[PDB]
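Next up is one chain by itself, shown in structure tokens, the form deposited in one PDB entry.
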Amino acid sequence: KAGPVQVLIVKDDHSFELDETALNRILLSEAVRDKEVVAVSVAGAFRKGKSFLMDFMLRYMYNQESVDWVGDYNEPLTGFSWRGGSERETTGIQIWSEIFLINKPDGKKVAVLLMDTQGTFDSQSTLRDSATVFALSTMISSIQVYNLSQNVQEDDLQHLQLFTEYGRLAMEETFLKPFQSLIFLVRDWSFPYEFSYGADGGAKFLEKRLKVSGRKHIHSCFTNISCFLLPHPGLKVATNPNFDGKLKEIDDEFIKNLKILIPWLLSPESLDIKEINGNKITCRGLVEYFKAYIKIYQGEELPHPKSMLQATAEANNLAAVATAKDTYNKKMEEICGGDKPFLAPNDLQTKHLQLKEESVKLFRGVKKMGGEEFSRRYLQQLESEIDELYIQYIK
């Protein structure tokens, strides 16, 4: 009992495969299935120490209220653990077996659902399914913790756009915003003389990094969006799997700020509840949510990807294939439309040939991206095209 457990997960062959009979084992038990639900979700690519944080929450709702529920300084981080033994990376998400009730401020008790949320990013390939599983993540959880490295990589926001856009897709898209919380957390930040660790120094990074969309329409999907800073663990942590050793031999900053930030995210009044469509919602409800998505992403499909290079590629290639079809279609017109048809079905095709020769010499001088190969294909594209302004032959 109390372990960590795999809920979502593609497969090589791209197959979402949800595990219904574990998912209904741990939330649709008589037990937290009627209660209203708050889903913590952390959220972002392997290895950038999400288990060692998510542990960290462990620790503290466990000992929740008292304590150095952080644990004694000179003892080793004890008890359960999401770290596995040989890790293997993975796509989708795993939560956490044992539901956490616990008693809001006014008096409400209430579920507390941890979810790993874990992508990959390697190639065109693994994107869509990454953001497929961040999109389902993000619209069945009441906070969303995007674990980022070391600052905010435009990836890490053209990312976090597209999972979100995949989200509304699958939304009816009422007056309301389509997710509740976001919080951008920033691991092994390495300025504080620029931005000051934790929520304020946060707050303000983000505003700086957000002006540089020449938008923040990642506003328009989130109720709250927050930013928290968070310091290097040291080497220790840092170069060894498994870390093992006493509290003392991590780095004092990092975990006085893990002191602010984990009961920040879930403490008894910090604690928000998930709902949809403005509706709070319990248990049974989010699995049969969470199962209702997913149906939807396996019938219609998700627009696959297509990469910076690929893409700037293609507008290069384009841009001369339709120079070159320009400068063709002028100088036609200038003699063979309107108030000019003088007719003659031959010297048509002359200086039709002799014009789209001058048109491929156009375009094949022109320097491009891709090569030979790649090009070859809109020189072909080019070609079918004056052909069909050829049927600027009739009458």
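Positions refer to the first chain, counted from 1. The term rigid core refers to the maximal set of C-alpha atoms that superpose within 1.5 Å between the two forms. First, how it differs from the form deposited in another entry.
The one residue among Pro192, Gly278, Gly79, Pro105 whose Cα position changes by 2 Å or more between the two forms, with the core held fixed by superposition, is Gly79. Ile386: CA moves 2 Å or more between the two forms after rigid-core fitting. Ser123: CA moves 2 Å or more between the two forms after rigid-core fitting. Once the rigid core is overlaid between the two forms, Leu148 does not reach a Cα shift of 2 Å, moving by less than that.
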The other form holds:
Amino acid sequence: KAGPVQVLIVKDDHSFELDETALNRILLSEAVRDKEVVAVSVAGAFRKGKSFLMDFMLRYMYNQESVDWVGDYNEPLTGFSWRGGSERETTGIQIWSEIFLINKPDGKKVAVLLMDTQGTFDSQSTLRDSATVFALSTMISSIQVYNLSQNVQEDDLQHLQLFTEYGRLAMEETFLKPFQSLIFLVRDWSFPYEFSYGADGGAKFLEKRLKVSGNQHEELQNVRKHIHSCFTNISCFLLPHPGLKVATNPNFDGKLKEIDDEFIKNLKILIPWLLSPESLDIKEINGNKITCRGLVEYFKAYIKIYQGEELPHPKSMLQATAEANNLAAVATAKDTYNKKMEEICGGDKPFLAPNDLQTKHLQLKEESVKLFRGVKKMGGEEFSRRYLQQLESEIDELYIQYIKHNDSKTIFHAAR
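In place of the form deposited in one PDB entry, output the structure of the form deposited in another entry.
Coming up is the bare chain, nothing alongside it.
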């Protein structure tokens, strides 16, 4: 039987494991190992219908030849596990056990892999957990459907920038863009009168939101430039709300009869738009098309980097900004102390009596501390505590180095 397979597992201690046995069983089988691969992923915030969408992609993948691939209207939606409720469902990364072999309009036979991912910003996950899942799914997929609710907000762009930057760090250097197709899929688009449901309205909507212009503030420009530089092809699809039954009914199990017809109409456009043979983007790494065996080799290698400690840790705004503020303030403070001591006992300055040098040092040290205490920082004195002690500990070291210099110039005259 075909089924979902857990491939990347996120542990309770926030570490990550790759099930290589399971991965090899699927992608290294003789029928597919040497086929060029198309990898489709859906990712984004938790509880927003990723698995559900992905299960409709499955119906299409199996029954694409039929005009009614969308399914019997009384049949439940199965595959990757999905359900209602406010608690996250999908964890780590899972792939469908059956790799699809599809013929492209070029006579080419390709392997199609489907990837479902753990939602970002659930309440048991560190930012590192979420970033790793998102990054890994982006580096591996050739088509990434970035799933969003109702609108494309500035915080959505910021997250994407962060998560994709985390992906870039783990990759070999290239002048080419790191990734290929990105789709901003907007669920519950509420304004068809302004931008139509689907790809055309979506495209117009996205071009307005990702626009970079001369008078746009750099912070706004930069997050946008980052996204443009990452992906070869960027598109947007606006999907209508599927109706409150889909949203609210604890008994709903996916029967098309319970889904609003305008949603079904746009869904039938969306899936082939993603996944028809003419649309299947072959995975390229470093500008080279990759086979299923090669994809397994990049997957192992990338995971290894995220399991290690070479990468910087992803951090929240408060945490990262607090660190930045403190580090910068320690540097100014120390550097102020250091310039001033140079005027007292630099190499071109005379011997100073050690009692007087200690008095000037205490003066100068204190000025640097008061200087540091006085700079406002995220998040206040509490967070600063360990940095202030570092500042003092580091100034004392400089002072010790100055003492040695001063002592090498010592003058003593015997006198009654």
